[PDB]
Amino acid sequence: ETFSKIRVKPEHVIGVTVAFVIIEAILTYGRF
Amino acid sequence: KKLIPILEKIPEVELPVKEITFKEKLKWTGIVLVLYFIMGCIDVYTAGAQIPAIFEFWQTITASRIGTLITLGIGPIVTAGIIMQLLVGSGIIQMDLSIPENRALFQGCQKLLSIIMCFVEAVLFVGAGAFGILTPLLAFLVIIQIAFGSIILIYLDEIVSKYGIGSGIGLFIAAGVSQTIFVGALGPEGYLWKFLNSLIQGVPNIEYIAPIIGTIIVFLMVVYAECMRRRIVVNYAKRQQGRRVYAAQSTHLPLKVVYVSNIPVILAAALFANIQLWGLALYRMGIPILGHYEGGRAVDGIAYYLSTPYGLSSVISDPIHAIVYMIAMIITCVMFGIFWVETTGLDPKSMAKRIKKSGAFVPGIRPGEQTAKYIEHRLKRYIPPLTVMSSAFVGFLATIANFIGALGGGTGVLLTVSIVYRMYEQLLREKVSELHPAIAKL
Amino acid sequence: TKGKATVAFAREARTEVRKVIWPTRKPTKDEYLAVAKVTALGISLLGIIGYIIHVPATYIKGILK
RNA sequence: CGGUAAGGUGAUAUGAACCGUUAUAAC
RNA sequence: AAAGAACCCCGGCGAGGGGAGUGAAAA
RNA sequence: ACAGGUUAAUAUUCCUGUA
RNA sequence: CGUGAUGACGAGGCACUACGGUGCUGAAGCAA
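Protein chains in written order, with the authors' numbering: chain C, 21 to 52; chain A, 2 to 443; chain B, 2 to 66.
Note that these hints are calculated values from the structure, not bench results. Incorrect hints may appear among the rest.
[As the list claims (entries may be wrong)] Result set (DSS-like, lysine-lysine): computed pairs, CA atoms no more than 30 Å apart in a straight line:
#1 C:29 with A:3
#2 A:26 with C:29
#3 A:432 with A:350
Please model the complete structure; the sequences and the hints are all you need to start from.
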C-alpha cells in the first residue's frame with residue numbers, strides 16, 4: 021500500500037480542482 | 002533507510018473498503034473526465050495573449066494542451082516513470098519489489114519525483130520559450146499555475162485509480178486524442194468543413210480532407226490487432242447436473258492480442274518528448290548540446306534526427322531522417338520493454354493460478370482438469386512475444402503510423418484505440434463483478 | 002552470442018504459430034469488426050464529450066476576447 | 001411422386017449452432 | 001404448472017440442516 | 001537387431017551409433 | 001582385436017530454481 025501518513029478523501033481533490041478553475045477562470049477572463 | 006519523511010508528507014487517497022457500485026465507479030470516472038476537458042478550456046493567467054505557435058509534438062503523448070491550465074499534462078508523470086524504469090531498470094539501483102517494501106518504495110518514490118518533474122517541466126517549458134514574455138515576475142506566476150494544474154491530474158489519476166474505472170493516464174490520453182479528432186475534423190475551424198466548404202467554393206482542396214483520411218487509415222491499421230485472438234482451450238471439468246445449467250465446464254478464449262507493451266511505448270514516445278523539449282530548452286538558454294532548433298522546433302542535431310515527421314502529410318524529402326528515427330524509436334522501445342521485465346509485465350506466474358482450477362477438483366465426482374498444476378512453462382514460452390514484439394513491432398507500427406501521419410497523432414490514435422479497448426474490457430469485467438460478489442480474481 | 006540466436010529463433014517459431022491460428026474466420030465475420038466497433042464507439046464518446054465541453058466555450062473566449 | 005404445413009434439426013437433452021413461415025422447413 | 005427453493009447462516013468451498021422466497025398446499 | 005539414450009506412463013518399436 | 005568413438009557417458013563442480021527439479025562444464029576412464 022502507501023506510506024502516506026496522511027489520508028485525503030477524493031471529494032476534496034475534486035472540490036480543490038473546482039477551485040483552480042474558478043480562480044483562474046475569473047483571474048484571467050472577465051478582465052476588469 | 003529512505004526518503005520516508007517527506008514521502009510520508011505526500012498526501013494520498015482514502016480508499017474505502019465499502020460498496021463502490023459499478024454505477025458509482027462510472028459516475029466517478031466521468032466527473033474526472035470533465036474536470037479534465039474543462040481545464041483544457043481554461044487559458045493560463047497571462048497578460049501576454051501572444052504565444053509562439055505551439056509544440057506540435059509534446060501534446061499527444063502528454064495529453065496536455067499548451068497554453069491551458071494543463072499545458073504540462075501527463076508529461077511529468079510520464080517523465081518520472083521514465084527515470085524510475087531507467088534506474089530500477091538498468092540495475093543501477095537493483096530492487097526486488099516482491100516485498101511490499103520495494104513495491105511501495107519504487108512507487109511512493111516515483112510519485113514524489115513526479116511532483117519534482119512537475120515543477121521542473123513547468124520551468125523548463127517557460128524556459129523553452131513556450132509563451133514568449135519572460136517577465137521574471139509574470140514567468141514565475143505562470144510556472145505556478147502550470148505545474149499545479151498537472152498536480153491536480155496526479156491526484157485526479159489517483160481518484161479514478163481508486164474510485165472509478167480504467168486509468169487516469171490511459172483515460173486522459175484517450176480523452177485528448179478523441180477530442181483532438183472530433184474537434185479538428187468537425188469543430189469550429191474544423192477540417193471536414195474547410196474541405197466541404199472548399200468544394201462549394203469550387204476549388205476542391207485535397208489538403209483539407211487529407212488529414213482526416215490519414216486518421217481513418219491509421220485507426221483501421223492500428224486496430225488490425227486486438228482481433229488475432231486464437232480460439233482454443235480448454236480442459237474438461239465436471240460436476241452436476243443438471244436441468245439446464247449443470248454439466249461441468251471451464252474457461253474458453255482466446256482473449257485478444259496486443260496491449261501489454263501499452264505503458265512501454267508510452268514511455269519511448271515520451272522520452273523523445275523530453276528531448277525535443279530539453280533540447281530547445283537547453284538551446285535558447287545555453288549551448289546547443291542537443292541541437293540547433295530555430296523556427297520553433299529543431300532543424301539539426303540529436304533533436305533533429307529524433308523528431309517525429311507526422312502532422313498532415315508524410316515527408317519523403319529526407320529518407321535518412323526517416324530511417325534513423327524508426328530505428329531510434331524501435332530500439333528505445335525494446336529498452337523500456339526490457340526495463341518493464343526487470344520490473345513487471347504480462348506474467349505466466351499469475352496465469353498459473355486460475356488456469357488450474359477452471360472446472361472443479363474437489364471431492365464430489367471425478368471431474369477432470371489435471372491441467373495444469375505444473376505445466377506453466379507452456380506459457381512463458383508461447384508468451385514472450387505476445388505483448389511485444391515490439392520496440393519494432395508496436396514501436397515500429399507507431400512510428401510508421403506517424404509517417405503516414407494523422408489527426409490526433411498516429412501514435413496517439415494507437416495508444417487511444419488500445420486504451421479505449423482495454424477500457425471496454427474494464428467496463429465488462431465490472432458489469433459482471435456486479436453480480437457474484439466474490440470472484441474478484443478469476 | 003547464443004542469446005541473439007535464441008531470440009531470433011523465438012521470433013520465427015512465433016511466426017509459424019500465426020500461420021496455424023487463422024482458419025476460423027481470419028478471424029471471424031464478426032470478430033475483427035467488433036474491436037473496431039467498440040474501439041471507435043469508445044473514442045466517439047470521449048471525443049464527443051470533449052467537443053461538447055470544448056468548442057462550446059471557444060465561442061465565448063473569442064466572442065469576449 | 002402425393003398429403004400437409006408455421007413452425008422445425010428422433011429420446012434421456014439442455015445448450016450450441018442452423019432450417020423454415022406462400023408452392024424442396026419439418027412431419 | 002417446475003415456478004425444482006435467488007439470497008443469508010452453521011458446517012470440511014462437505015453431509016445434513018435453519019431461515020428466506022415458489023407454490024393452493026414444501027402437513 | 002544389437003548396445004547406449006530417452007517418457008509422468010511406451011521400447012530389441014521413439015533418438016543416436018553401428019548391422 | 002581394430003573401427004564405430006579427437007564421439008557419448010561420466011565423480012564432481014560453476015547456475016537458476018517452483019523445490020517436481022532443471023542448464024554450462026568435466027578428471028580418470030587401464031591391468032591381473
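Hint check results:
Between residue 29 of chain C and residue 3 of chain A, the direct Cα distance comes to roughly 26 Å. Compliance with the 30 Å bound is thereby established for this hinted pair. Annotation: proposed proximity of residue 26 of chain A to residue 29 of chain C holds, straight-line Cα distance about 15 Å (limit 30 Å). With a CA separation close to 27 Å, the supplied pair residue 432 of chain A and residue 350 of chain A stays within the 30 Å bound.
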